[PDB]
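Engineer: Okay, here's what each chain looks like letter by letter:
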Amino acid sequence: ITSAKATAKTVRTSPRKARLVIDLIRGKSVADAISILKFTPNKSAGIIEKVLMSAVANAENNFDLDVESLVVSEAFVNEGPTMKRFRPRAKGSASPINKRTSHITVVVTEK
Amino acid sequence: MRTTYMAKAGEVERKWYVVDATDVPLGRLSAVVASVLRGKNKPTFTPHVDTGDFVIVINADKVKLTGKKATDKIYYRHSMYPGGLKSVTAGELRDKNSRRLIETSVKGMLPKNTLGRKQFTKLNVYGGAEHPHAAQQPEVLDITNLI
Amino acid sequence: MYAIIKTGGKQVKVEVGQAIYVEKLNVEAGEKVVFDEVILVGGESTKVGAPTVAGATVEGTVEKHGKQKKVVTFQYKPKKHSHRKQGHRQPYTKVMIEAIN
Amino acid sequence: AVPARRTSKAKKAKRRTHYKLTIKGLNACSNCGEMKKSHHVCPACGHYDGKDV
Amino acid sequence: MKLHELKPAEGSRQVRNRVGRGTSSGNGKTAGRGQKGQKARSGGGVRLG
Amino acid sequence: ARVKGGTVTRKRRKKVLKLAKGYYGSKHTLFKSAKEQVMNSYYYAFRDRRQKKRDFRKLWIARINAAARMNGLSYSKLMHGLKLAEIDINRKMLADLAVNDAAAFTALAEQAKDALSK
RNA sequence: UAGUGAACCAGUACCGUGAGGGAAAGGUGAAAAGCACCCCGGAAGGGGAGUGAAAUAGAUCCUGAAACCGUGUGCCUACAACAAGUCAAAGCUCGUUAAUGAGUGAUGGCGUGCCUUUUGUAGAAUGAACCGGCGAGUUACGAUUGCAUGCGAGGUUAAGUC
RNA sequence: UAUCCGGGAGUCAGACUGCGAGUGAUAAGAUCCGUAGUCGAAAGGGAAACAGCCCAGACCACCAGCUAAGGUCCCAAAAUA
RNA sequence: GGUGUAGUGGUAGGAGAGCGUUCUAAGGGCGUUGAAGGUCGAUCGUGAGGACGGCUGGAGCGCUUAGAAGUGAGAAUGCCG
Ligand SMILES: [K+]
Ligand SMILES: [K+]
Ligand SMILES: [K+]
Ligand SMILES: [K+]
Ligand SMILES: [K+]
Ligand SMILES: [K+]
Ligand SMILES: [K+]
Ligand SMILES: [K+]
Ligand SMILES: [K+]
Ligand SMILES: [K+]
Ligand SMILES: [Mg+2]
Ligand SMILES: [Mg+2]
Ligand SMILES: [Mg+2]
Ligand SMILES: [Mg+2]
Ligand SMILES: [Mg+2]
Ligand SMILES: [Mg+2]
Ligand SMILES: [Mg+2]
Ligand SMILES: [Mg+2]
Ligand SMILES: [Mg+2]
Ligand SMILES: [Mg+2]
Ligand SMILES: [Mg+2]
Ligand SMILES: [Mg+2]
Ligand SMILES: [Mg+2]
Ligand SMILES: [Mg+2]
Ligand SMILES: [Mg+2]
Ligand SMILES: [Mg+2]
Ligand SMILES: [Mg+2]
Ligand SMILES: [Mg+2]
Ligand SMILES: [Mg+2]
Ligand SMILES: [Mg+2]
Ligand SMILES: [Mg+2]
Ligand SMILES: [Mg+2]
Ligand SMILES: [Mg+2]
Ligand SMILES: [Mg+2]
Ligand SMILES: [Mg+2]
Ligand SMILES: [Mg+2]
Ligand SMILES: [Mg+2]
Ligand SMILES: [Zn+2]
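In order, the protein sequence lines correspond to chains V, M, U, 4, O and T.
Under PDB author numbering, the first residue of the first sequence carries the number 5, and numbering increases by one thereafter.
Under PDB author numbering, the first residue of the second sequence carries the number 1, and numbering increases by one thereafter.
Under PDB author numbering, the first residue of the third sequence carries the number 1, and numbering increases by one thereafter.
Under PDB author numbering, the first residue of the fourth sequence carries the number 2, and numbering increases by one thereafter.
Under PDB author numbering, the first residue of the fifth sequence carries the number 1, and numbering increases by one thereafter.
Under PDB author numbering, the first residue of the sixth sequence carries the number 2, and numbering increases by one thereafter.
Because the hints were derived from the structure by calculation, they are not lab data.
Cβ coordinates follow ideal geometry from the N, Cα and C atoms, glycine included.
Mixed in with the good hints there might be a few duds.
Derived BS3-like pairs (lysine-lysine); straight-line CA-CA distance at most 25 Å [as the list claims (entries may be wrong)]:
#: 1; chain 1: T; residue 1: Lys16; chain 2: U; residue 2: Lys70
#: 2; chain 1: U; residue 1: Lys67; chain 2: U; residue 2: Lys6
#: 3; chain 1: U; residue 1: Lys67; chain 2: T; residue 2: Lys19
#: 4; chain 1: O; residue 1: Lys36; chain 2: U; residue 2: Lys80
#: 5; chain 1: U; residue 1: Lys80; chain 2: T; residue 2: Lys33
#: 6; chain 1: T; residue 1: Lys36; chain 2: T; residue 2: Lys12
#: 7; chain 1: T; residue 1: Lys22; chain 2: T; residue 2: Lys12
#: 8; chain 1: V; residue 1: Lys42; chain 2: 4; residue 2: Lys15
#: 9; chain 1: T; residue 1: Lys28; chain 2: U; residue 2: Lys85
#: 10; chain 1: T; residue 1: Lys36; chain 2: U; residue 2: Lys6
With the Cβ distance kept under 10 Å, some of the chain U side facing chain T (calculated, not the full set) [unchecked claim]:
#: 11; residue: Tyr2
#: 12; residue: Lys6
#: 13; residue: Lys10
#: 14; residue: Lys13
#: 15; residue: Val16
#: 16; residue: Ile39
#: 17; residue: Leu40
#: 18; residue: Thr46
#: 19; residue: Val48
#: 20; residue: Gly49
#: 21; residue: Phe74
#: 22; residue: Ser82
#: 23; residue: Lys85
Computed Cβ-Cβ distance ranges for the label pairs, DEER-style [to be verified]:
#: 24; chain 1: V; residue 1: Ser77; chain 2: U; residue 2: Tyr76; range: 30 to 38 Å
#: 25; chain 1: V; residue 1: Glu78; chain 2: M; residue 2: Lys112; range: 57 to 65 Å
#: 26; chain 1: T; residue 1: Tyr44; chain 2: U; residue 2: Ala54; range: 19 to 27 Å
All chains should be modelled from the sequences, with the hints used to inform the complete structure.
Structural biologist: Right, dumping it as structure tokens:
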């Protein structure tokens, strides 16, 4: 009741590259996390920003918590389903390509 | 029953001994000193813990080298660069840096592990008869009968 | 006060009120047992047995019989496609020491 | 040349020790108070050095 | 007799020995055939006599 | 009568892995590496249950030697004297006396010295 | 991964000029009652609110293993040479199928994987990237020996008919 | 323990060490026999490490004792006997 | 069942006795008051292995005796994922 979470599943992005941005914001005030994501140029910053803003919207609308006091209690990225692709290579042979996806989760608590 | 005593770090009191190296053969001085540093002289000896005592070796410059060791016993060391072999005689080391002579001899006899290196650090060698460790109230350790 | 007794081909140090584990004794639980081979008795004074202290004995009560944690003997020789596994639980008798003479 | 042995999880994590992002140069914008990058125009109010631009 | 208490005569029935089912059985790996050679092959062996 | 793999395989491999709990990385995670390590663990354990007795007798001897020297005697002389004096206290108990009951150890040493003199 | 190659729009997709070769792929729930409405978002996807016995049964839907990836942390680790364990062990943490408990582990001793093939392999000889599944002395008809049973100088039916 | 009768095999690449020979050069961790051991198929202790050498054959448990080869100044148990 | 004596390294391999898997028969049981399966635990046996609890799971499954086998995987530059 004191925490709200949001999740974006099967988002097309590298889990490792996403975890870079997630590590930046983990365990930080919501305002600080928003600023960091806004000024981080990496692709996953925008994705994580929407998830964090969605989580904050949950904390406020669904559970009527205190936005100012909200902090990022927990955040992580989980591997999603991998789309399989192939790329032709020299001498009539192909090589597999893993088009990865990520499950981005953000949990924000009152304090 | 599994009742054998095992010393704990910090419970055993390490004393301070003064060993006079005057005319004592280098190896025999090193052997007795190494036993003391390891703590083999005390019943509370526990192989996996340090229980030996500190040693202050004085008059290192007067240590005895029997036979022609003074000029023929050679200490080698390789810089690890090709052809980087250096040599220095035991006699020259005694004359110039006798502390290193005693320390090298004792290092060879202590165990070659973390505990052994820590036990070595408790050794203090001083060519000459005076040392700065009077604050530790060290007591003389006659070794005439031990060698 | 304490004593050293010869039990199970082994020597044990015993004090009144201290339980000791020994090789299985052919005695029912809760029964009295006397160790007559007291090779030393110490305390304020010392008694030295040559090999045993004359007319000194230790008395105890058999608290329990039990089995020590299992030990697995697994013997194999590499590259010889041959192994053998064995289990063991050594029986023991726990005795509370009541009196030392 | 090819790896002789596969890299373990511990060694892989050790190597990635330094493979991290960083964020630097953020402080409150004078005009609007929003966090901005120092020496950059504030993306929110479009002010720099106290003037709209 | 009772269908739930059947008992064969002692020594009347034995258990089939299965080879190549682990070392401890004594017939693992080589399955009692030994090491290499003609007799160690599937369908190996020479004609009688 | 088809008998599919079932669960015996998983059960057996999980037993091995539980034995391998605490090992380093793959040596506790993967069955093949785990089994290989557990086998070496068995070999070392059987070997060490014999080396253990050697080590502790060695430890007792060293401690008894130190105590005997403090009493003016070498370990070899002390044990020879004790055998002459008929004392059967073993090295475990002797080491215990040396560390804890120095007075009792001195009494034993005096008897050994007396026997040697005779 | 069985059973037809094919439990499903299979001789299909796909491959080949052609003959020809030839797959993968079953399971929501009792019943769609398949999430009205609200909130974040362009959407996707989520959080509420509902349906339901159950939604961590939400359609990639029964169960949901391992490899692999990640978050949190009780203990340890930046003077150390390590087939990674085993034996010994202080300290710290915890409290069980209550057992002379559990986790971790400073430090000390010992210690060159598994398999195959070899006189001999830690081997700088071979095999295994890891995990899961599948994967190798069987059946028929004869021969012979042991064991067992029935009968016993006897023993026994085969085809075939009911 | 030997025979004998029958069911079931595997083995037909051996190695080194000591001793007696051949071949070799009175070379070889060479080769070929005879002979005994060990390894092979044998862990443990010693020989620094070291299948074949020395001691010795692991059904198990013990934080008990005595010895073999080999050792007792320190690493490292035991004589600065 | 007891005592005593002796013995219990082992490759190729021979003999013996067992564990576990699926199914059949009979008997006797267990299951929406939660089966199988999964996971965790400091549990038991000489071994393969057997229970017992917590959680998950949601419908079948043990046990005794006997019977039949597509009956046990860690390796095949094995096949598939
Ligand atoms: K055979
Ligand atoms: K479900
Ligand atoms: K962890
Ligand atoms: K270690
Ligand atoms: K090769
Ligand atoms: K027959
Ligand atoms: K025969
Ligand atoms: K010979
Ligand atoms: K369970
Ligand atoms: K394989
Ligand atoms: Mg082309
Ligand atoms: Mg049959
Ligand atoms: Mg065999
Ligand atoms: Mg095999
Ligand atoms: Mg083969
Ligand atoms: Mg051959
Ligand atoms: Mg053959
Ligand atoms: Mg299988
Ligand atoms: Mg012994
Ligand atoms: Mg098919
Ligand atoms: Mg569930
Ligand atoms: Mg599911
Ligand atoms: Mg250093
Ligand atoms: Mg450090
Ligand atoms: Mg060869
Ligand atoms: Mg390879
Ligand atoms: Mg496999
Ligand atoms: Mg030769
Ligand atoms: Mg062979
Ligand atoms: Mg050997
Ligand atoms: Mg070998
Ligand atoms: Mg002796
Ligand atoms: Mg010594
Ligand atoms: Mg002398
Ligand atoms: Mg034996
Ligand atoms: Mg079943
Ligand atoms: Mg099969
Ligand atoms: Zn601004």
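Engineer: Against chain T, is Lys6 (chain U) within 10 Å by beta-carbon distance?
Structural biologist: Holds: closest Cβ of chain T sits about 7 Å from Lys6 (chain U), inside 10 Å.
Engineer: Verify the proposed pairing of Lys36 (chain O) with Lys80 (chain U), using a straight-line Cα cut of 25 Å.
Structural biologist: Since the Cα atoms of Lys36 (chain O) and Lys80 (chain U) sit roughly 16 Å apart, the hinted pair holds (cutoff 25 Å).
Engineer: Under 10 Å, Cβ to Cβ, is where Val48 (chain U) needs to be relative to chain T, so tell me if that hint holds or is violated.
Structural biologist: holds (6 Å)
Engineer: Against the 25 Å threshold, does the CA-CA distance of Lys42 (chain V) and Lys15 (chain 4) hold or violate the hint?
Structural biologist: Distance ~29 Å between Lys42 (chain V) and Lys15 (chain 4) Cα, so the pair is violated.
Engineer: For the range 57 to 65 Å, tell me whether the beta carbons of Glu78 (chain V) and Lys112 (chain M) fit it or not.
Structural biologist: violated (49 Å)
Engineer: Holds or violated: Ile39 (chain U) as interface residue toward chain T, Cβ cutoff 10 Å?
Structural biologist: Holds. Min distance 6 Å.
Engineer: If you take the shortest Cβ to Cβ gap from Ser82 (chain U) to chain T, is it below 10 Å?
Structural biologist: Status violated, d = 12 Å.
Engineer: Per the CB criterion, is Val16 (chain U) less than 10 Å away from chain T?
Structural biologist: violated (17 Å)
Engineer: So, as I understand it, the hint says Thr46 (chain U) touches chain T; can you test that by seeing if any CB pair is closer than 10 Å?
Structural biologist: holds (5 Å)
Engineer: Mind checking the CB of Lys10 (chain U) against every CB in chain T and telling me if the closest is under 10 Å?
Structural biologist: holds (8 Å)
Engineer: Next pair to validate is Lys80 (chain U) with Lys33 (chain T); report whether the Cα-Cα distance is within 25 Å.
Structural biologist: Satisfied, since the Cα-Cα distance of roughly 18 Å is no more than 25 Å.
Engineer: When you take the CB atoms of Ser77 (chain V) and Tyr76 (chain U), is the distance between them in 30 to 38 Å?
Structural biologist: violated (52 Å)
Hints 8, 10, 15, 22, 24, 25 and 26 from the list above are not met by this structure, while the remaining hints are.
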